[PDB]
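Undergrad: Starting from the given sequences, assemble the full structure and let the hints guide the process.
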Amino acid sequence: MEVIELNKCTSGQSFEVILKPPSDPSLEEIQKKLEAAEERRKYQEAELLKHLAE
Amino acid sequence: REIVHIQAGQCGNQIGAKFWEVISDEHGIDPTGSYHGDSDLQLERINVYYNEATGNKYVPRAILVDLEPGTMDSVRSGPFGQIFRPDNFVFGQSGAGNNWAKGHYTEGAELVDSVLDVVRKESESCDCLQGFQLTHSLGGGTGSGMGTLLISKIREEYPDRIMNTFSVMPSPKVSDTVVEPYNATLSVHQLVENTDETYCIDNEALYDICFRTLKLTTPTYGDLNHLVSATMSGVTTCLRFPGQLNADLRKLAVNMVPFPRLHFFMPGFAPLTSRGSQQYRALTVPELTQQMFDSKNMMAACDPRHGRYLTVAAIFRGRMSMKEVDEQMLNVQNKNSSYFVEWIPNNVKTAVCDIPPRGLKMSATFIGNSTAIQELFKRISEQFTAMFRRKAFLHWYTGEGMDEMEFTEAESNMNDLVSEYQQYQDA
Amino acid sequence: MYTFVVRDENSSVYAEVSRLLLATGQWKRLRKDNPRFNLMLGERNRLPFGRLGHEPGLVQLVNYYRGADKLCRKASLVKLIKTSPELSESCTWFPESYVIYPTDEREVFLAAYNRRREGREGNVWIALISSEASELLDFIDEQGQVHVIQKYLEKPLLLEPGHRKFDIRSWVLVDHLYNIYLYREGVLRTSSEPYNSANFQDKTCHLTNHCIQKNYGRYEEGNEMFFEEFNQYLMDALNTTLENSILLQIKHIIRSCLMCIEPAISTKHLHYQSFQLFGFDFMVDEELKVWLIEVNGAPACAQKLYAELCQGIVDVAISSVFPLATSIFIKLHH
Amino acid sequence: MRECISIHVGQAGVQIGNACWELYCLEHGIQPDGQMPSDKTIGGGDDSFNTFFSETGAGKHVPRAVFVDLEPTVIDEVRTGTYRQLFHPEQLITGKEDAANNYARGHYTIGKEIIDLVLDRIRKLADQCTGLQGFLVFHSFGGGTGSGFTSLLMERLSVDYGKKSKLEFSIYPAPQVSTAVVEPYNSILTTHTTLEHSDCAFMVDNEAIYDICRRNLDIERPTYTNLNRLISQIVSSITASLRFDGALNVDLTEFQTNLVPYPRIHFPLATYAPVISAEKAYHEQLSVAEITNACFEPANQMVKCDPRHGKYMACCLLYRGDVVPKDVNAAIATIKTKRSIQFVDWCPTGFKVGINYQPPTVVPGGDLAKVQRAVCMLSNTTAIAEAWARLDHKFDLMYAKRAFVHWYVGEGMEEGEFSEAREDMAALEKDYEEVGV
Ligand SMILES: Nc1nc2c(ncn2[C@@H]2O[C@H](COP(=O)(O)OP(=O)(O)OP(=O)(O)O)[C@@H](O)[C@H]2O)c(=O)[nH]1
Ligand SMILES: Nc1ncnc2c1ncn2[C@@H]1O[C@H](COP(=O)(O)OP(=O)(O)CP(=O)(O)O)[C@@H](O)[C@H]1O
Ligand SMILES: Nc1nc2c(ncn2[C@@H]2O[C@H](COP(=O)(O)OP(=O)(O)O)[C@@H](O)[C@H]2O)c(=O)[nH]1
Ligand SMILES: COC(=O)Nc1nc2ccc(C(=O)c3cccs3)cc2[nH]1
Ligand SMILES: [Ca+2]
Ligand SMILES: [Mg+2]
Ligand SMILES: [Mg+2]
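Residue numbers (the entry's author numbering), protein chains in the order written: chain E, 6 to 28, 44 to 74; chain B, 2 to 428; chain F, 1 to 103, 126 to 149, 161 to 247, 252 to 362, 372 to 380; chain A, 1 to 437.
Just to be clear, a hint being listed does not mean it is correct.
Said to hold, decoys possible - In silico EDC-like links for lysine to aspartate or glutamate, alpha-carbon gap of 20 Å or less:
(1) B/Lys324 to F/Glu55
(2) F/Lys32 to B/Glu343
(3) E/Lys62 to A/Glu414
(4) E/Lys52 to A/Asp116
(5) E/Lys13 to A/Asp251
(6) E/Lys53 to A/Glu113
(7) B/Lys336 to F/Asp33
(8) F/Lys184 to F/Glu257
(9) B/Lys324 to A/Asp211
Everything labelled a hint here was simulated from the structure, so no lab data went into it.
TA: Below, the structure is given as structure tokens:
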């Protein structure tokens, strides 16, 4: 029904029509997570190498 | 995205040579190593399996291994024998006498370092090695025993590289010696631990196909190997030619292997063709699809209806309607959705390559990860036990330093593998 | 060979349907959680509509309309009626009703309760059946549930012999094309007790579904009078037919309810499709005027009619979508 | 003028990035060699298109874009493509081997080795920005790079650019055009880690785009090329307000303001119309009413779902072509009376409308026919939660058997992250339901 905030220009126009009214992690923790996973990889790799050594 | 190829033993070198002659033809490479083809599609990924030689020759990234020179001399005098890098021929003289212990512990141990030197030399030339592949049988001594020793040492030096095998399983129907179940059982546990993919190529199935289907009354190893090289060409089409799929070995394995130990695949191929015997009518897409899911095209001699598919991959080759491929594939599944696990959504995947293999206007290669593969290992286990009960033929092994305990362990971890397959079949 | 799953084991109707499908040999049953189905005979609560129609190369069909619960709940039906211009609020075939919550249109209800307190009238109501507003409202406040207060039809049509009360149940099938099919066979769920005007907690007297009643089986086997008999009665006793006196209104009411919610629930351009069987409950007063009592989204059938209805469901709702290698329905045209 | 940096991650992100930048050039009159004959301010300026392009003294207009893939095949096709001159080498970052559809490999293993390099190349773009708004990030859910590296990138961008806004264009996984099976894992994992770092995310389900291509473009088996050209049109419709003169959605911040009242629920549904085949020899041009009404047909949505059974929180209509406010309102009035459109009680029932007079540009030789008027509707409906439901169910099926999990654990990820991610998704589905019913 009610058309509001109509703005016009050469490229086009915009407006709003209303039908009815209503009724973070730090760099430290990031680099620690990445390095904890890298350790787990290196631990798993060492278990494999030890197993192969046996 | 280079792949390093290794072939060990008599069987390994014979199917390996066959493989290289098949894909060399597909890439337009002659036995001299010179490219003469008519499509750039043949050369776009030729570096995966071939090294470029100064004076534009292509040299297979292949390492040929044996404990006796017999079969490798046959290779060197073979059709494409001269295409291989001469330094990559690594061989002993003593042989392995169909003895896993000789291949894995004594004779093979003496030669294994020399093989690794060549592996390393080929790896250091790779811009980015994506993995290794090995051809071998499990029933002999070199391919089975030294091949798995090789795999163990490669995993030590390259712990983050993909290792895939095309492994020929022994069968009394096509049998050299009685100790094949011993060698196979010892080898299977090595494969459970140190490969990402093992294509279970059963000599029983290969025989039955040549006999019952290809109507060859007395099939040779040559007839059997025609099926193997045709299947290996299909399994690696994905990697050798441009198309829908450009996954490296690791990405391929990730989507096929839900559990680390259950990586033994049932391969298949359609249409089934005997060598030389031309036939002129190409298959319709419904014919391709129905055959590749039929047990008679399976090369593992397991009944897929006796298990459930964890994952399935199918590569179609040739000029065809992929929409029609889509419909026939989803026909087969939706018809038989009780032979596919329901806790891995969309576990049946398809791809097409425009380039058909030599001799066929269209073909399809099947790769099934089924729990029905346990029938193969149960079969080997029964034959193992029948002899091991009486400790028969064990002196061949104890004479090389092995203990009965190592057999008992091998027996046990294959029975674990069998039961592990049973666990997911009833899920 | 088509595939289907069953996620409601206590459905009298679709247990029958699934067995009919199997006996065609062109339908295979999968187990509950297999997503590769063509047909889903779903559960009645929390049916996973959001997961339907996302399996490539599989036409999927479900035996329930998403959103149709707004018709098949008493609180919702009153509000659906009351707020929809197509029906409301001078809707002549739906009893005067109000939405009541336990401690809403409570104040609105007593404004009506008063004026024929304030002069002339029957002022009996129902949720319990009473004549005193206060007696209902704290019935309602110690249930817990949300209840509906509806005008009680104090002048029902009474069957003779017996001076009995009854309600009519009609079965309506809506297919994936939103065709509205009325099953030609309805049933009168009669009271075996004679109707008692004065005292209202008689309830055997005033409530007519075939649970309470089990004077049972006195007049007709199972207190269920079918259409052939009821028609013959109307001809003999009232000089009229079931078609003219009652069925025209029933057809009018069914079509009007389903046309209202059609844009809200239609699956004409959806990635999956729906059909659904409804049970419309009607009430006839002594002047042969039909009133809508309620609608059930998961109705059961009468025992003699299970074979016919469920076969009808397979023919026009399921095989219309998945074909195989005079009609028992009346199509309400629109 | 305030600048916007585009970041394209993995195969999906890169190829869609290419399609979009191609379309951008055609729309702004920018040639493949970077020249823009209509730009009279040589060597610089602060026009609206400068939000996406910077200028060299030689007059070349270069995309404020960075391309990143853990494998070189796709980005190499940018290096040698028809728009090779458009970009400079330091915008294109490639690895050696990819994440193999493994989130853990994209996030932890390979991601750690290249994250600093990417941030450095991003920093060099930000240094040429007088006033940076933030980032538009393109990627798939299913890829190991698209899921894994993106979530890590988003985390670091929140660190290095705390007050900047970040928007996502995310490709939701569809079995019809995928040969992967682990994508439900990667999707849930990347959504959980990225959720707090993204202000607004536009999901595009390949299933929906696929069927639109089949049904309306009459392409029997749609390729990525077909899919991407269509996707680029939608993306263009969404970003046009940042590249052209206007008053609606002129800032990244306005996207949250206009479309996202509740932070976690920042996944607006996009619907686009009309999609007409270029091979259609005779087409009757559609009116404002016809294309606006088509914004409420599920068959035109980027994600198949049913908005009738949800609630709206916001709704924007973005028109391109011969459209005037009168005909929009006349269309809305009729649509309101004929369709089920329910807003949440704490939001006004209304539409924010933007009109750009220039009709949609089509790629020469593409599949899309030129039309006199087009519209993209951006609506924040709870009905898009159906997509999370589908995904989470597939996740649950596999994870109960721990299928494929060893691949992730083997790259250093812990099993608990699976359950933590799944619980966050469980919370999200419940947020949607509280708001929605
Ligand atoms: N719409 C669209 N989707 C794509 C495109 N390329 C890949 N996808 C989808 O993305 C998913 C696979 O992820 P990719 O983006 O290819 O993988 P990635 O981001 O490169 O990550 P990795 O390859 O695992 O390192 C699948 O669901 C594909 O359908 C594309 O060009 N367009
Ligand atoms: N407004 C009214 N006036 C008179 N009688 C009424 C009435 N509403 C209901 N009744 C009687 O009360 C009974 C119970 O009504 P209601 O329809 O709520 O029960 P119900 O929910 O079990 C029907 P169904 O089992 O088919 O869903 C009806 O059988 C009808 O006989
Ligand atoms: N399919 C196939 N199987 C073979 C071939 N040669 C040998 N075999 C099988 O391999 C087993 C013998 O192993 P073999 O390779 O000869 O022993 P090795 O040389 O010591 O490794 C037996 O089961 C044979 O049936 C062949 O060319 N093709
Ligand atoms: C040498 O090692 C391999 O070739 N391994 C391998 N593993 C594979 C798994 C799948 C496919 C393949 O072709 C697919 C078709 C459709 C989906 S995947 C091809 C594969 N090749
Ligand atoms: Ca300028
Ligand atoms: Mg031999
Ligand atoms: Mg990639």
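Undergrad: Of all the hints numbered above, which does this structure not satisfy? Sort the numbers upward.
TA: Hint check: 8 fails alone, others pass.
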